[PDB]
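Asker: What follows is each chain in one-letter form.
There are 2 protein chains.
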Amino acid sequence: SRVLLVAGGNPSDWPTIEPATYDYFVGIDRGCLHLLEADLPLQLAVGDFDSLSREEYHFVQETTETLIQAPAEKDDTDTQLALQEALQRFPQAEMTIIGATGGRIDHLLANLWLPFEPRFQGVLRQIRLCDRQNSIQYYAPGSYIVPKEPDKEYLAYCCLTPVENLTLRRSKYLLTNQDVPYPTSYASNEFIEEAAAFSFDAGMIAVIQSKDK
Amino acid sequence: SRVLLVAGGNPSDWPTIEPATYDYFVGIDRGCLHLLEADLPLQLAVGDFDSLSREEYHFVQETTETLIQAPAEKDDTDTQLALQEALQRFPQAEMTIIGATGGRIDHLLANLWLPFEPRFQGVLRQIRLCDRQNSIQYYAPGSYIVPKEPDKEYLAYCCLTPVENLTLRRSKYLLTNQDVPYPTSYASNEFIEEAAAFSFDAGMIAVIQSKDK
Ligand SMILES: Cc1ncc(C[n+]2csc(CCOP(=O)(O)OP(=O)(O)O)c2C)c(N)n1
Ligand SMILES: [Mg+2]
Ligand SMILES: [Mg+2]
Ligand SMILES: [Mg+2]
Ligand SMILES: [Mg+2]
Ligand SMILES: [Mg+2]
Ligand SMILES: [Mg+2]
Ligand SMILES: [Mg+2]
Numbered sequence: 002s003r004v005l006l007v008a009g010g011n012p013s014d015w016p017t018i019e020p021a022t023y024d025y026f027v028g029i030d031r032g033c034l035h036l037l038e039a040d041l042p043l044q045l046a047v048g049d050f051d052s053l054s055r056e057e058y059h060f061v062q063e064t065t066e067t068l069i070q071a072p073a074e075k076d077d078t079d080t081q082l083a084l085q086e087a088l089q090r091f092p093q094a095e096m097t098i099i100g101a102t103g104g105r106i107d108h109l110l111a112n113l114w115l116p117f118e119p120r121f122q123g124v125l126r127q128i129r130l131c132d133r134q135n136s137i138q139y140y141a142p143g144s145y146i147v148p149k150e151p152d153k154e155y156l157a158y159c160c161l162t163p164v165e166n167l168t169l170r171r172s173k174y175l176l177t178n179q180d181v182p183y184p185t186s187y188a189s190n191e192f193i194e195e196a197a198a199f200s201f202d203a204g205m206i207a208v209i210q211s212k213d214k
Numbered sequence: 002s003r004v005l006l007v008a009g010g011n012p013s014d015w016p017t018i019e020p021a022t023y024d025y026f027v028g029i030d031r032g033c034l035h036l037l038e039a040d041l042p043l044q045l046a047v048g049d050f051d052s053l054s055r056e057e058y059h060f061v062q063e064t065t066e067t068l069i070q071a072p073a074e075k076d077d078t079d080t081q082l083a084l085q086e087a088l089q090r091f092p093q094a095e096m097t098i099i100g101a102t103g104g105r106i107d108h109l110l111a112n113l114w115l116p117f118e119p120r121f122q123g124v125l126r127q128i129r130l131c132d133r134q135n136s137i138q139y140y141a142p143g144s145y146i147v148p149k150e151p152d153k154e155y156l157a158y159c160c161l162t163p164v165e166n167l168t169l170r171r172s173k174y175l176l177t178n179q180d181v182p183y184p185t186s187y188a189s190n191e192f193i194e195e196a197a198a199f200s201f202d203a204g205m206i207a208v209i210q211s212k213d214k
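Line by line, the protein sequences give chains B and A. The number in the entry's author numbering is simply the position in the first sequence, starting from 1, with 1 added. The number in the entry's author numbering is simply the position in the second sequence, starting from 1, with 1 added.
Here chain B stands alone, though its shape is the one from the complex:
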């Protein structure tokens, strides 16, 4: 199953959205207005909403089929929350996160690092960060094949941690049994034939496919 989570970021940085392929639509704070003004469903609405006018928060209030209202002073970001909740409703679903990039970078990182958290690690394989130019997936140790997304021009293996014994095949550039001692971002690989593959014994890796301006 497919859930789309929409954060406050600007919708111009959004990926190509095809609503037929999403089953549940979550709004985070301003993503709610953003989903709505985009003529897209709004099933869940999450956050403190302290970035909206009363006239906007009522609009959201009247439309979402479910409003989770948080305090302003809490631990979790609105987004950790939306993910926690959407995962309750859809424990095996693919979480496509959106509007979480293109601006503040301390906020981008907080999103890039969501799989790191115990409550999410279990579903790192379903957590998916997207914007017009990038497309990020997560992987724990193992052996995988990565099918090329059509619109993306480049491939990258970003080790978010020290990685052990990393081998890449079926891609313009290779590593065999490479040790990655500190976070390294093997950055501008390219696909050779519709799919590449890699294996590694330890750490985490964000697989980023992307394309230019």
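One should not assume that every hint holds.
[Claimed, not checked] Only pairs whose alpha carbons sit at most 27 Å apart, straight line, appear in this in silico DSS-like list of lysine-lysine:
1) A:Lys149 - A:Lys75
2) B:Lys149 - B:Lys214
3) A:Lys214 - B:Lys212
4) B:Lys214 - B:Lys173
5) B:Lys173 - B:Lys153
6) A:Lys75 - B:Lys153
7) A:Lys214 - B:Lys75
8) B:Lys149 - A:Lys75
9) A:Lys212 - A:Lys149
10) B:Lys75 - A:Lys75
11) B:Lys75 - B:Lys173
12) B:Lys173 - A:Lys75
13) B:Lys212 - A:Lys75
14) B:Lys153 - B:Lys75
15) A:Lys214 - B:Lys214
16) A:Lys149 - B:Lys214
17) A:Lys173 - A:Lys153
18) B:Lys212 - B:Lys173
19) A:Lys212 - B:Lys75
20) A:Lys173 - B:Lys75
21) B:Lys75 - A:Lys153
22) A:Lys149 - A:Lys173
23) B:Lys149 - B:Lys173
24) A:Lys153 - A:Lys212
25) B:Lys214 - A:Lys75
[What the hints assert, rightly or not] Taking CB as the label site, the calculated pair distances span:
26) A:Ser2 - B:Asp24: 55 to 65 Å
27) B:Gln62 - A:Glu19: 19 to 29 Å
28) A:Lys212 - B:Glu154: 47 to 57 Å
29) A:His59 - B:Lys212: 27 to 37 Å
30) B:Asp77 - A:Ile18: 36 to 46 Å
31) A:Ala73 - B:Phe60: 43 to 53 Å
Keep in mind that the hints were calculated from the coordinates and are not lab data. From the three backbone atoms N, C-alpha and C, an ideal C-beta is built for every residue, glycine too.
Model the placement of chain A with the ligands on the given structure of chain B, informed by the hints.
Answerer: Chain A with the ligands in isolation, oriented as in the chain B frame:
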């Protein structure tokens, strides 16, 4: 001493720059043109310059005073190369990298993990990356004062690695003796004074100051 480096990003997303403050100007690929079309100096030109026309690259070759033209096929990104060259010439200068804004997240993380590289570790305290919206500084374990940037609203402690004993004061949000078991982005913190402070025993943190669009 300060050195200023310019990647090929759109200059629209540049920080406000004051040139008096820099003693050396470094162009990176298409950033070489951005410097000249902004009536600023170009003293070091670096890259493979494949993004440039034959005519633009003729203009960058007459104007610069040192040209480093490198193979399109290398391990290093143009920016990795330019940084090492420039530190070769100014080993104690504070490197400010702007225009690293192209939008590709493999390159974003390529840049953000620079200090990790054994050839840059010895100067992490010297490396800065800046955006219209963002300003990034690196820290190894110690005790520090973090002077507020006048145009910025937010403060963030982005732990690039598991951090240990993270104490953090004079902020609008505190941690104290905090163990951070994996990468964690404590973002959207605020200054209460003109300076904040923090300390830690192990790992590496990227202090980030940011503001809204
Ligand atoms: C393991 C393997 N991954 C893929 C890389 C691909 N490679 C390393 S960096 C990159 C060069 C890109 O440099 P550039 O984007 O001009 O620099 P920028 O100006 O954006 O700083 C090449 C393709 C290969 N060398 N090694
Ligand atoms: Mg379907
Ligand atoms: Mg909020
Ligand atoms: Mg409100
Ligand atoms: Mg280039
Ligand atoms: Mg080389
Ligand atoms: Mg202390
Ligand atoms: Mg301490």
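Asker: The structure should be examined with respect to each hint, and the outcome stated for every one.
Answerer: Hint by hint, here is what the structure shows:
1. A:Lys149 - A:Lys75: Between A:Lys149 and A:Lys75 the Cα gap is close to 38 Å, so the pair fails against 27 Å, i.e. violated.
2. B:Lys149 - B:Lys214: The hint holds at about 19 Å.
3. A:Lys214 - B:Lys212: holds, 24 Å
4. B:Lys214 - B:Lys173: At roughly 22 Å apart (the allowed maximum being 27 Å), B:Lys173 and B:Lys214 satisfy the hint.
5. B:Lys173 - B:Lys153: Holds: B:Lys173 and B:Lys153 sit about 15 Å apart, inside 27 Å.
6. A:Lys75 - B:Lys153: Roughly 22 Å separates the two Cα atoms, so the pair holds.
7. A:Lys214 - B:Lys75: This hinted pair holds, its Cα atoms lying about 24 Å apart.
8. B:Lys149 - A:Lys75: Holds, at about 23 Å.
9. A:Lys212 - A:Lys149: holds, 12 Å
10. B:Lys75 - A:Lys75: This hinted pair is violated, its Cα atoms lying about 47 Å apart.
11. B:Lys75 - B:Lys173: At roughly 46 Å apart (the allowed maximum being 27 Å), B:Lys173 and B:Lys75 break the hint.
12. B:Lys173 - A:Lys75: holds, 13 Å
13. B:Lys212 - A:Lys75: This hinted pair holds, its Cα atoms lying about 19 Å apart.
14. B:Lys153 - B:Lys75: violated, 38 Å
15. A:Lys214 - B:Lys214: The given pair, whose Cα atoms are some 20 Å apart, holds under the 27 Å limit.
16. A:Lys149 - B:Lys214: violated, 33 Å
17. A:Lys173 - A:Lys153: Answer holds: A:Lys173 to A:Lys153 is near 15 Å, not above 27 Å.
18. B:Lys212 - B:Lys173: At roughly 16 Å apart (the allowed maximum being 27 Å), B:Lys173 and B:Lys212 satisfy the hint.
19. A:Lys212 - B:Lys75: With Cα atoms ~21 Å apart, A:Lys212 and B:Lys75 stay inside 27 Å; holds.
20. A:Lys173 - B:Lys75: The hint holds at about 13 Å.
21. B:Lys75 - A:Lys153: holds, 23 Å
22. A:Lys149 - A:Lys173: Since the Cα atoms of A:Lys149 and A:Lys173 sit roughly 13 Å apart, the hinted pair holds (cutoff 27 Å).
23. B:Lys149 - B:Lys173: At roughly 13 Å apart (the allowed maximum being 27 Å), B:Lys173 and B:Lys149 satisfy the hint.
24. A:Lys153 - A:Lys212: holds, 5 Å
25. B:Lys214 - A:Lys75: Given pair B:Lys214, A:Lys75 holds - Cα atoms ~22 Å apart, limit 27 Å.
26. A:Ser2 - B:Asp24: 55 to 65 Å: holds, 57 Å
27. B:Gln62 - A:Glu19: 19 to 29 Å: Violated, at about 47 Å.
28. A:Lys212 - B:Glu154: 47 to 57 Å: This hint is violated: roughly 32 Å between Cβ atoms.
29. A:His59 - B:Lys212: 27 to 37 Å: 29 Å Cβ-Cβ, so the 27 to 37 Å window holds.
30. B:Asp77 - A:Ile18: 36 to 46 Å: Given range 36 to 46 Å: holds, Cβ gap about 37 Å.
31. A:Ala73 - B:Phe60: 43 to 53 Å: Since A:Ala73 and B:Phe60 have Cβ atoms about 52 Å apart, the given range 43 to 53 Å holds.
When each numbered hint is compared with the structure, violations occur for hints 1, 10, 11, 14, 16, 27 and 28.
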